[PDB]
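*Asks:* What follows is the residue order along each chain.
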Amino acid sequence: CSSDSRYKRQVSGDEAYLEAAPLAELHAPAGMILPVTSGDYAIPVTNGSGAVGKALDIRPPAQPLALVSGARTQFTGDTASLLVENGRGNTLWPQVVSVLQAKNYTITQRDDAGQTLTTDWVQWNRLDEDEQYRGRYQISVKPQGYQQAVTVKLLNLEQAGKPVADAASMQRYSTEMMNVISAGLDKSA
Amino acid sequence: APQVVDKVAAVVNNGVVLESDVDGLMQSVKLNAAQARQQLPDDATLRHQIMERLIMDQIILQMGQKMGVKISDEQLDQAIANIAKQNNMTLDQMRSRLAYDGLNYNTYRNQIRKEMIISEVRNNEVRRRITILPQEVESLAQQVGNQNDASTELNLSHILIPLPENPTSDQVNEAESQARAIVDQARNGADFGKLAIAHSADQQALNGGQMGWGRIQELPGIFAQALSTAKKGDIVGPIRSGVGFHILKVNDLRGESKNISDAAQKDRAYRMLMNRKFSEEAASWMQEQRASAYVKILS
Amino acid sequence: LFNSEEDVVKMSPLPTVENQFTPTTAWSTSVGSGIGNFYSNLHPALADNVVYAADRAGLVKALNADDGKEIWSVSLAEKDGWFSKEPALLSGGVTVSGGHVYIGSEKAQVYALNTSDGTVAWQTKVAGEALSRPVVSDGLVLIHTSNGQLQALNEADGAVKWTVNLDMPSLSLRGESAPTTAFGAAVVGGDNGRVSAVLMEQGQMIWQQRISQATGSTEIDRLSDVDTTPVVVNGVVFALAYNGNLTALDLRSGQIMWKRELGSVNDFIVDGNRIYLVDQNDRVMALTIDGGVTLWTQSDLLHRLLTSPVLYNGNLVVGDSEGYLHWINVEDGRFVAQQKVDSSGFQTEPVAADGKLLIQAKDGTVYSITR
Amino acid sequence: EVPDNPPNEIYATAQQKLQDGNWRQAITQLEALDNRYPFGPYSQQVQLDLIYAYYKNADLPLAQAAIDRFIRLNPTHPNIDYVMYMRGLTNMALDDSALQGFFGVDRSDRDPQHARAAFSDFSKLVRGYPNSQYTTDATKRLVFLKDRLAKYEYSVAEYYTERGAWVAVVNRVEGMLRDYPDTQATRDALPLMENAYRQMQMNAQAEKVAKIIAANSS
Amino acid sequence: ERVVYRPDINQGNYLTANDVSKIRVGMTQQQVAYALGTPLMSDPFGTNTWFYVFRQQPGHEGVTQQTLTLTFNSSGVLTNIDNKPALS
Amino acid sequence: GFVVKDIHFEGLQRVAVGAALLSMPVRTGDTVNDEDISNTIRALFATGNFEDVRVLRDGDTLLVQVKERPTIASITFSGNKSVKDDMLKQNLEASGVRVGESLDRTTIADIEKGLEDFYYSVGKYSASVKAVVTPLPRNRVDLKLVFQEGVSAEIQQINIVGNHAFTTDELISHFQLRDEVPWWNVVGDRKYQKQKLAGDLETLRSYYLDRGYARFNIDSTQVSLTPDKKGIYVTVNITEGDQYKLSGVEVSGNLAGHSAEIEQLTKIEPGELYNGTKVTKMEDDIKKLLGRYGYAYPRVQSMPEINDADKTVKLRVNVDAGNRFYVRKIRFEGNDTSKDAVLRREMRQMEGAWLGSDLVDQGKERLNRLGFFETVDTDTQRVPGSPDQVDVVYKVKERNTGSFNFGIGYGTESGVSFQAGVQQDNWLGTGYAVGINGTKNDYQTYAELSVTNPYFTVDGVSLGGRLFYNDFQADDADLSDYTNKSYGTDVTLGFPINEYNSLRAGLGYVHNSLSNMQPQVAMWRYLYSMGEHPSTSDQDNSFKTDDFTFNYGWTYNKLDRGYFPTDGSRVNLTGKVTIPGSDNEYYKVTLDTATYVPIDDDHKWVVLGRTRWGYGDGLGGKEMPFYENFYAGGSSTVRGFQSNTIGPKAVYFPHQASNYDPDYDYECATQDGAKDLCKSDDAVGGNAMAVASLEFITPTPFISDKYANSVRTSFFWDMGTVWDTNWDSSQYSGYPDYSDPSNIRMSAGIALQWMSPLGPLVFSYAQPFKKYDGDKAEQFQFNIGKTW
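For the protein sequence lines, the chains are U, S, G, F, H and B, in the order given.
Numbering of the first sequence is given in full-length UniProt numbering, commencing with residue 25 and proceeding in unit increments.
Under full-length UniProt numbering, residues 21 to 281, 390 to 427 are what the second sequence spells out, in order.
Numbering of the third sequence is given in full-length UniProt numbering, commencing with residue 22 and proceeding in unit increments.
Numbering of the fourth sequence is given in full-length UniProt numbering, commencing with residue 26 and proceeding in unit increments.
Numbering of the fifth sequence is given in full-length UniProt numbering, commencing with residue 24 and proceeding in unit increments.
Numbering of the sixth sequence is given in full-length UniProt numbering, commencing with residue 23 and proceeding in unit increments.
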């Protein structure tokens, strides 16, 4: 019945495990040894730092859809690449440009010679977030073997007027821009 | 406007017939007709028979592929003797193939491979179907006596109106009417070769149904009793043998009183018995395969 | 539970015919309870103008052919009361030869009643249910039990002269093939689909040859039973298998001469240069003997479970599961006449001999048909 | 419930319903996509969203089945660490209860099967992918699960101390020392082992356990 | 004073005079395990010692215990046998 | 000979363009002829993914037009009635056809035949199958399989050849496969199943070996179909052999010192008939006896030495006990709610001790008798790499041990009203038995709490406590009407004395205070016995009593389960006696009994005999207080009667009520209209009570086994009587003799019990065919909670 906006992107638990007591070893007295450990329940010492408890976003990692005919689509750290097929050729760059013109995004740089462009800012009206993200993106098309391929990269992401560089957010809103591009290309076709 | 280069003309058991095959045999039969003086019918009636021959060829080729039968290069070398008619015209190169396909090598070599593979698998299956009985051999040999009785040699043209192995009476009367109409046309003055190209399920339809010169005893019997009473050019009405209705025309005949002087007659009688058995079992098995096989003509 | 949930509508309707003559029932006589709903081979036997009939429990009865009047009756159901009154489960059909009346039984018994009054001359235990029709020849009585064993009882005293084993599949059709006399041999069928020939002296197998295509996936598609009687003519054996081929074989060599996708479990007829047949679907057909070419076919009775045909007065006669007798012209499938004889169905083969046609209904009533 | 629109529109609706926060209709749409279009531009994405929605909807058995199928079909998938983390989460989730948690009941005495499975999955994740984004939370959850398992063993040993089965007590505490040496439950159990040794008049072993206690309780 | 039903608490592994008489010094661990069975209790604190305890508490009748301590060497060869047939 | 500038694909839906290009003989290069295009088309089709392939040329561009084999959108099995969709769906999936997979139209016939084959495996040989392919918009297809199930094949005969000792009818009477179905056996059928013929052959073999036939042999078996394939014939060819007698049984091998008992197990009467099942039972008994001593994995094999000449059989039994196994760990699985100790304290097998298996079974039955778990199973697993140790694992499925009762009475007509109650037997998996009850009205208040620890001491000593409060005074005391206010406490301690018997002792205190009672014969008789001398012509009176009692009890419990028992008997005796010092003195005792006797090996059909007795009386010149009286009737004691209606009825003296309403709604003895003693229908109960009941429990006909444990149906016959032993029959000769116990009420009907989420629910319809004047009938009754 009753619900809260944050039931999404949250762990289905009480977060009590963060209060568990730390593990400490036992000292072996002189003249004897402690029984040899099995090593079945050993916890490796990982020095990584990351979100814990409610601060960890468990939303599935947004993978590029690759709607327009293609394969070996990928999502890098801050950039995303989609490989296309079916004889697009140089005509890929016009279509890409037209697609991003259909979104009336604020394109700031337009270098047709290098098949590159850059926008100022776009916003996302997501019902999933308590605060709406926004990011600055650069898109390009480059030749690969037989055909051209599109790439979309994020300059930075911002929340509430301050920057954010979380890997999950970067991946999510690059798959967002990549899906936008792929859907536009498919619609054009 | 876009131009169609090739397409699938027929779908068979996991195979396809391409339009580059129908056209090839179309040109082949047209060239043979022109050299033989025998006029041939309209595009569609000729097309249906060519498509049927290609369905039967694709079925047999897939059976050969399934059964692990392959052909050697020396087999192609030997077929060059007769398939290319090098013995008749002394030249090896493909410049003799002036009619069509620009004197290409691979196309005609693959065509020959297609014929050798079909013939090989046909022969193997039909031979494995033959049953020979000593009693029949003795009977036929004792028939081969009294100055080689029935030494008549015949060149005949044959037309087959097919019926399924288990036909319905409706189909029976339909085939009966068709066969009687063809027989009436042939007897009234219609050229049997033209009738054969238009109306025939036999493999030899594309060649006009000519069986070539043979000896009467070689007939499966279904034709010899009726055929003993017939002159050059006569038309023989419909008959049956399991595969459908049969119609025969006596193209030519030649008889002589030669006698081979049993020690050497038993082997010859076995040869002719094997010839008749192969002809009948071949027709029966090719009809069975046609009924069984999956096919969907495409248009 | 529910009696209104299971039914398949695959029965042809009663054809309309203009009868060229008026079929008549010369006489009729009740013989016990009859075959009943069980599938059996029991049928009358005609011998010297005497009609011998039997019953599933056993009521062996002898009736006059002329007016169905009886001359002697007996019951083989626990005559001495060894255990209550158990049924004899007779299912061998009446055989008549040499003054003896041979009958099989599903209790693995073979009775050899007498002609003069019915006294049981001898009773022999056999390898199993004597489903086959006894065949009398060369002083021997051949039986083919349900467990796949051909036995040759001695005619005089019933002693088993010899025995032969035949392979039995995991599933088959109820019934067994009756051997044929041939020339000092015995040509028999089998549930495995292999026709066999055995010499009359002992069980030395002469030849065996497969008759069924049996290209199925599961057991029900491999039903290759040869439950018909092989017919020997001029040294060629005609055999017919269920879901198999109507084939002709050399009597001694055993190699097939020709084959045709036609199956049945009802005995066929070989007359002159023609073969009259009834397929498993109740399709009356006529072929030729030299080669299979279906001279004509009839389908008006399709899926009306028919009995085996009999040649009578120059025309073919067949009974049906509803008690209607149908006459068919030999030259063509046109019906020559039709009659209603009994309310209970006709299952077992009719008898046509000495210019007289007899049949027995499922209820045991023996009918004589004339004109 | 599910119309026959192309896969694009079904996926768009599923994404919209996931963003809104309704799991049941979103579950229906993703299941429709998975069953009707098992290949295409959307494949695997549907399965990841199905796992997420099953977890958030408390459909834990279905989440386990989906995770198993995804793991056995796409072992090389770059985001398989997320799948293993969700496996650990759904196994830990099966180890909890609502009413008992509401009443403040210590559940470490109940069945440890699900805790053991969660520990196995989280250990697999941490060892296989040290640099994953979920490794820190996985390590914290491992430390908690280890403490829970040691507490279960301590509960069993305490019961057998009450019953008077001294061999069982000694074996249980020895298993604790060999399996969970560094947990607090092991430190609490050592006195039970010493008492069990003394009740069987095995003074030499009680002396050794007392030496351990003196050398470490300080 | 304690008039309530208490089940028998059997603890350890069954010992018989014949089995205890089958083992002798110099026996390897495999032979001892074959003669007496796997011990339900060993020394986990750094010694090759096997404890064969035989407890029986039929109820309120009083507990009895026989404890057989087998001390092996580093090579697994039995070195000392100490049999106590009753509690102190 | 032309350069391919570009390759464009059309029609690809499932096959990625990359895969198709890899499947191509062309590499966007050049040097291409017509034959290359033909080979490309042939290769594309050879991949088996395309139904139609076409290649077109547009200038220097290659346009590849492909029609992918349509995709299955949905599969709908329509018309199937006997084969269920899931089964048939699994079979079709196994055949390689599933939603999404490309539909190779060259195999539809095949799958159709496969389906028919499955029907053949179901016993439907004359069944027809057809596939209808309906084209959809996105080049998908719905594959609807229409089924015409044929008439099932039935067995026309089962024949046995070679049987002379036993008639065919008797032999086949035990078979599952049946030739004839008795007219009264509407649920039977003549269907044939291969697994059943296999079991019937095993049944025949066992029958012949169990009646003395060591040489019995089944020569062969034949199964045949009728030409039309709607009848089935079965034949069994057998060889009886001859009857044999036992000469002796001699045991050999490693008996592990248990020769005396094993030899006592293998006892035969000299010259008895051979018996296979007896030999099997001897083997099993030897295995069980060895298991009692820890030999968990012995090998016991018996071989009969036959003597055909003498026709006698001598059994040689070889026994090898093996190693004595020890338990290493005892593990419990499935106790997600129950605390681990709750399960572990029921164990008779100690963890680190030698195995006996008898103890393991004892622990299993203890857990079953506990009633907290729906299913309990045991598994003794050998420890890997250990020749002498095992792990015992108990797998349990937990139940809903709680039950809830709720309702609302008059509503808001007079103030507010409601009724509530909860009862838990495993509160929060702690093993505690907790219970709260309450009711609120303008005419009554009631509260009751109960908490019991079944294991207050490890040995099983239980400690329990109970508080209760009850009131009838109206709010604000509008008028001096009948009032009854009581409260009290009760502390009880129980302890076991056997594996099945336990005793209970405790102390209770109860305070009662009645006032403004209506004068009636029984209550005034009791009050006179107490020494009180209340008036009879007016309703103003008062009475107060404090009571201390010693409570005792004894419970014997050997039931199969704690819920829906199928075997065993349970007896529970309770009683109380006032401690000297109470305002009134008496004793009371009650005795409940419930016996279950199974009739089927599966325990599906059971006979339940239930009984209840009660007697109480005063000690000195006093009498048992009328508020301790026994009551009968209702869903708990005698179904078909209104609750607490059986027994003596109140007799009122003429008197004036404290109120006089104009509705005439007052007892018959009201002074306004009456001046003589008159009876009523108000049940008052009696100090002696006896009730009995016989029930026949049957399987529920319209539920699958998945709910068998959840529903119980029974047919019951109940008897019950209540009487007042002190009723002065010498006086009051004009009224029924309430001291006579012969007035036995009876009822008969049908009852249904369901383990609903709110606990047990009991419905019953009972006709009370025997009743006496004043008894209120209630044919249909509904109840919540543990009944009796």
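Treat the hints with care, as some may be off.
[Unchecked claim] Calculated pairs, BS3-like style, for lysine-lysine (alpha carbon to alpha carbon, straight line, at most 30 Å):
no., chain 1, residue 1, chain 2, residue 2
1, B, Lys336, B, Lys303
2, F, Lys236, H, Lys45
3, B, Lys252, S, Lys424
4, B, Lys351, F, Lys149
5, G, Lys31, B, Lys106
6, G, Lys106, G, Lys90
7, G, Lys280, S, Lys394
8, U, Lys78, F, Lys149
9, B, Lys106, S, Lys424
10, B, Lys152, S, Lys424
11, F, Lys236, B, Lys701
12, B, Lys300, B, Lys310
13, U, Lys127, F, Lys42
14, B, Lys386, B, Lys310
15, B, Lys310, B, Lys213
16, U, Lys186, F, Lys149
17, U, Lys166, B, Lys27
18, B, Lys507, H, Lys107
19, S, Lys134, S, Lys86
20, B, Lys213, G, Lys31
21, B, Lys303, B, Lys216
22, B, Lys351, B, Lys507
23, B, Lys111, B, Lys213
24, B, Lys671, G, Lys280
25, U, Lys78, F, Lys236
26, S, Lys405, G, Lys31
27, F, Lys42, U, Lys211
28, B, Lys386, G, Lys31
29, F, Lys149, B, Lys417
30, S, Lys424, B, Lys89
31, H, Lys45, B, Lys336
None of these hints come from the bench; they were simulated from the model.
*Asks:* Take the hints in turn and mark each one as holding or not.
*Replies:* Right, here's what the structure says about each hint:
1. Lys336/B to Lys303/B: holds, 16 Å
2. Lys236/F to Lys45/H: Violated. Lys236/F to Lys45/H sits at ~35 Å, over the 30 Å cutoff.
3. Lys252/B to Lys424/S: violated, 38 Å
4. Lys351/B to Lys149/F: holds, 27 Å
5. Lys31/G to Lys106/B: OK: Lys31/G and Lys106/B at ~24 Å, within 30 Å.
6. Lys106/G to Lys90/G: holds, 27 Å
7. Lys280/G to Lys394/S: This hinted pair holds, its Cα atoms lying about 27 Å apart.
8. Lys78/U to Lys149/F: Given pair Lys78/U, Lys149/F holds - Cα atoms ~22 Å apart, limit 30 Å.
9. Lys106/B to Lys424/S: The given pair, whose Cα atoms are some 34 Å apart, is violated under the 30 Å limit.
10. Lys152/B to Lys424/S: holds, 20 Å
11. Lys236/F to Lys701/B: violated, 86 Å
12. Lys300/B to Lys310/B: The hint holds at about 15 Å.
13. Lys127/U to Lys42/F: holds, 23 Å
14. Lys386/B to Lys310/B: holds, 16 Å
15. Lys310/B to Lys213/B: Judged against 30 Å, a Cα distance of about 40 Å means the pair is violated.
16. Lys186/U to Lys149/F: Violated, at about 37 Å.
17. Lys166/U to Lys27/B: Answer holds: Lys166/U to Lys27/B is near 20 Å, not above 30 Å.
18. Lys507/B to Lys107/H: Violated, because 69 Å separates the two Cα atoms, which is more than 30 Å.
19. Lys134/S to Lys86/S: holds, 15 Å
20. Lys213/B to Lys31/G: holds, 22 Å
21. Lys303/B to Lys216/B: Since the Cα atoms of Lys303/B and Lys216/B sit roughly 28 Å apart, the hinted pair holds (cutoff 30 Å).
22. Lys351/B to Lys507/B: violated, 56 Å
23. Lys111/B to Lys213/B: holds, 24 Å
24. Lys671/B to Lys280/G: Measuring from Cα to Cα gives roughly 98 Å; hence the hint is violated.
25. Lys78/U to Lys236/F: Violated - the C-alpha atoms of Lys236/F and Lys78/U are around 43 Å apart, more than 30 Å.
26. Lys405/S to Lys31/G: violated, 41 Å
27. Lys42/F to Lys211/U: Since the Cα atoms of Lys42/F and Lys211/U sit roughly 23 Å apart, the hinted pair holds (cutoff 30 Å).
28. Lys386/B to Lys31/G: violated, 59 Å
29. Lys149/F to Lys417/B: Cα-Cα ~27 Å, so holds.
30. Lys424/S to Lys89/B: OK: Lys424/S and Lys89/B at ~15 Å, within 30 Å.
31. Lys45/H to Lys336/B: Given that 30 Å is the threshold and the Cα spacing comes to 38 Å, the pair is violated.
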